[PDB]
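Every protein chain of the complex appears in place save one, which is left out.
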Amino acid sequence: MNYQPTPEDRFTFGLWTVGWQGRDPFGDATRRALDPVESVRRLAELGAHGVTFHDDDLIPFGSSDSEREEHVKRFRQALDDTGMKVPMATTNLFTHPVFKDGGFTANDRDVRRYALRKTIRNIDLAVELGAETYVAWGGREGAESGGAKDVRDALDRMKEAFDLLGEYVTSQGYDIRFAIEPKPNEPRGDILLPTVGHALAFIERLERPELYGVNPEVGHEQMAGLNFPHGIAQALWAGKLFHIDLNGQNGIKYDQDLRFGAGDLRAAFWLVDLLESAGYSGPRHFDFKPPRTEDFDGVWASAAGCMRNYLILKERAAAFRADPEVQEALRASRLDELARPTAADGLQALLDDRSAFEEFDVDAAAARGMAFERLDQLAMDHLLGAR
Amino acid sequence: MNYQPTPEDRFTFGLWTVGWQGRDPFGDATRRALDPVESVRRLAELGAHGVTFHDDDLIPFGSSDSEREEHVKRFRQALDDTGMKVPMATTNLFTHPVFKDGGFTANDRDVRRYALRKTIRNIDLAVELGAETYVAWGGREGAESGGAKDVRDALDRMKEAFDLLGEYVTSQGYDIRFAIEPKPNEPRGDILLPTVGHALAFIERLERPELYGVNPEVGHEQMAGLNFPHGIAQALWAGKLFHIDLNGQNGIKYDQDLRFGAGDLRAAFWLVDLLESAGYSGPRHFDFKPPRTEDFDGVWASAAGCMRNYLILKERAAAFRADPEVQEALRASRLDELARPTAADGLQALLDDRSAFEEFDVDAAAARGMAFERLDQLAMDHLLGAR
Amino acid sequence: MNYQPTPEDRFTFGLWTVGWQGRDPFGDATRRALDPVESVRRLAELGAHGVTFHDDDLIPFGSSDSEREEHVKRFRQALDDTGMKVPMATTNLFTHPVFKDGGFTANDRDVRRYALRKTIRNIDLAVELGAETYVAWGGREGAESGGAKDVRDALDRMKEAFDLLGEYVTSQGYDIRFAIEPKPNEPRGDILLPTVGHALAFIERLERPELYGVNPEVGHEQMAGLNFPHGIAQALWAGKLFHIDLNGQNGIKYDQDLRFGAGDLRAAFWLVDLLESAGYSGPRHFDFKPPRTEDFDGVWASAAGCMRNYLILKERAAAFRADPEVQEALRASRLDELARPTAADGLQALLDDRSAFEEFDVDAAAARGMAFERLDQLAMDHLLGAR
Partner (left out) sequence: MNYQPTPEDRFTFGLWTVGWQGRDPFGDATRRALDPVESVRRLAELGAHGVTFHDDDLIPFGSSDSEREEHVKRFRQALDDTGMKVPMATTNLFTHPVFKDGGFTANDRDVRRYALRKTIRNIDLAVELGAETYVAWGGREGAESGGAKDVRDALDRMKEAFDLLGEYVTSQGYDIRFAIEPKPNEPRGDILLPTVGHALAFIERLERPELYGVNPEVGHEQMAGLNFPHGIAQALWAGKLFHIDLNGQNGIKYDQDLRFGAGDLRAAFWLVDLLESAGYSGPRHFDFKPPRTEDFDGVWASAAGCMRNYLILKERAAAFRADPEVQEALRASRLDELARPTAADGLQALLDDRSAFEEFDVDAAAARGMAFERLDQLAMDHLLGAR
């Protein structure tokens, strides 16, 4: 009890998350498939704001136009019945065997064209359902061997695909934006644009860079041992955090997709502190898998746990930042000096400033403790409710 | 014998590499310090093209102007005696205790100003010695705890420092360029700009982005489990491979700095294949540590091994690419199709192309094997000399 | 050409390896299922010595006695037709949803009993087919959360299961032995007995420890960042290398199961050097997955590559050890002294030996270089055929 989510909290879930049947590389499904209608209803009951989908989550692959219409009709009626939104959608360019060597960067040109047409079709549908963000996860773009993919060529093809997608949404007058979801590996041995940084750098070479941002996932950066709050900070600094995927992950191993808050709890705390202090206004989207040990009821407890954990961490981070003792510790550690310009007086003033070099007392500066440990223990006490 | 390096091969070494005394976090030095003069002479004898330096490698910290002049004079005479060049230099912003919380992103503003003045001083010296590249390795820019560094503020300070450095070299009319050397961690718990991608993305927000590239290191990207040849390919694609650091590393652990070729041998092969096929013309710089088990003679055998291993891999990669059977396998795997534009016919033609979607035979495409394993075994046979 | 395997080389393959249809967590199958008969025939044609199986690879789960008999009959006729052997078999205690919380350590007692009965049934079949080793891979024994499994209780249950299995084979007079296959994670978040060491230690608490050894897999120890040749050496030292699984893996990430020789090539070289120099006489078993990009022909090229790579590395390691220059380098590095007893003169002689402490010249010893780098470059030259 307490920490009750409401749609105002902007919590969203992929249809593929609570709908995961439990198939893993070594195991058959442990749960029956879910009707997306029932997922929308169960999530709304938990306080979710909305759901997201792959084209093939909502409309089974190979569906006829008649079936397509009826699937969308039922989905639309579930959103109307609940008030749930659809802020984001994405294309499945990874499940069908045809994408075994990739979608946009498949060596076979005809597969690349098919991947683009499959995406364009779903962009139209996502706009009709109100999505503001279209996510691209190039899970099959990569290689297990060095000769199989010329990466420069593949980046050329990747740029062509995203440029074409940008040309398309511009030509329809759509307001939707694109977000690249990086992942370093799995299912490919190495995946192109493996981290937030690589995706941010890639975007700066696109024809219309303002149309594209990142959709970073907690577990994906942690799969490379990276600091996810640091990556988010650089995404925010670049103005490119269009969307975020929240979940949990225990270090460098297979993609776990634990519920948010599990995995690296302290990193979750610093992430929530950053998102709230930066004023991130996008969806708080959970891309997690209820473990296959769970039954139907365990699925919903897992989804509820994601939201609850976000709300607990939100309260603790806010109490941390509002605490006068923390505010004094932050001054003691010179976080206020970190926010001041190094040299607003300009280069020439810096060059003539004898206190910056010729008369800098390097030993007195070096002897100044940063007091980071007392600050960090204050953060821990706040996280744990032990103040 | 065979595989004999010559200065034409552009092999360079940091003074700090063969000069490493063997101090590690758990151990005292195992070798005496080297005079940079003797290192220049011993490396030239091995076939090196040149050496690189930290300011504090060449001139001991705190040196007087008179001592500074004599240190440079002796170094200059060693280069003249040997023909060795100095293509690159860098600032030590990590050893002195004053940098314990960083150089350019230290929370203390006066340390940030000192770090800039220390760098500017060394840029002048590096230009005098002929360096074309100035490397920045922010090894102390980062944190061990989440409250200690606001990363957005720190990126603001990092951008200010690099912009100021760019303003300086512009104001002197220097031709030297900057290269960011990323590293994900160590000595800080997490280091800012942790990978090639993060550095590439950062550079695109600098005031004069054309002045800045990356100096990626084999072991640093492998410390995050990333594919180093992939990262190099994205750097080349962006036109930003200004410099490279070659060494070896066994996966995700402390920074090993093994001689090049040790560590991930196959990744070294694919790296050399990429550098040569892309026509990389910069220095082949080794940033390695002769293990502290080695004596003075073991240092030079280790340095010789770096160059020899590059030359062996260069021969094998070239034989791989020139092999008609490999060239046929590459066509079989459709690497030629990967290099063709996905949709040179334009968006509207793609949208009307029924063979791209409505009449695409997705099952026939999916059943087409990529033949990647036969290609990879050809690469292995070439690497091993087992054709 | 060259490096042609023959059954004398003892190369074996799981039915599940070349038979893998390509289903991964993000993808549908890319190849049709194989009849085990055709796999036996295709592998024999490649020079394999034999095949191994899970109960459910050879007899589909839930088969009737009549179907069971006919499946075995056809399999037996394929072995007779080819000369192939079945040196090892194992139980599938991981695919069926009933094992979602484990087999022998499932929290539900009735599942643990079922797992034992399922294994006992297959031990009888494996003995009939001539298997000398029965492998246990507890892929589902573990947890994603800390409260879900009391590990001490689970080790009690694991010991009970293995003791019962040992009591069973003793009671039938079977000569078959058990081998634990460790894996640190995946499909569980953490797996019990995660490494060779943990399995070796566990075995020493079993009732009849001599009946049990390890079946270490290259990729599984590398998934924990461990040195696989080191782990094999400790298994050999303990006398417990009953079986081995050969494949490739690129560091710490999901279980890749690349063909042997791919992944960490140098670790493969040192492994083959150790297995041959120790005189390992068991099967050279490949537990690999032909990547799902491959078609049927790519499967067999991948299997052929496993064997070829073993044979190349075998030749190079042997040339390394037989080289008089290497033999001299090994003396220079004091590998001969490593093999001599530290104190065959006994404790009291060591205590009175003033040359061991009071008069030990610690600086002269410390100044002695180990010459490890020249030795390692000799190993690299031999591996690469660059002598």
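General observations
We call the chains A, B and C, going by the order they appear; numbering starts again at 1 in every chain.
Heads up, the rule we're going with is that a residue touches a chain if its C-beta (ideal position, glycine included) is under 8 Å from a C-beta of that chain, and two chains touch if they have at least 3 such contacts.
Of the options C:48, C:89, C:131 or C:226, the residue whose C-beta touches the omitted chain is C:226. Here the missing chain is touched by one residue of C:179, C:244, C:252 or C:312, and it is C:252. Within the complete assembly, C:157 is the residue of C:10, C:54 or C:157 that touches the hidden chain.
Contact between chain A and the unshown chain involves residues 2-3, 30, 222, 225, 250-253, 259, 261-266, 290-291, 293-298, 301-302, 304-305, 308-309, 312, 316, 366-374, 376-377, 380, 383-386. On the side of chain C, touch with the chain left out of the figure occurs at residues 96-98, 100-101, 104-105, 107-114, 116-118, 120-121, 143-157, 160-161, 164, 167-168, 171, 184-185, 189-190, 192-202, 204-205, 223-227, 229-231, 233-234, 236-238, 252, 266-267, 269-270, 273, 278, 330, 333-335, 337-343, 347, 350-351, 353, 355-357, 360, 362-363, 365-368, 370, 372-373, 375-376, 378-379.
By the touch rule set out above, chain B reaches the unshown chain at residues 22-30, 94-97, 99-101, 139-140, 144-145, 148, 184-187, 189-190, 223, 250, 252-256, 258, 262, 291-293.
Heads up, the rule we're going with is that only the chains that are shown with their structure count from here on.
Work out the mean CA point of chain A and of chain C, and you get 38 Å between them.
Averaging C-alpha coordinates per chain places the centre of chain A 29 Å away from that of chain B. The set of chain A residues that touch two or more partner chains comprises 96-97, 100-101, 144-145, 148, 184-185, 189-190, 223, 252.
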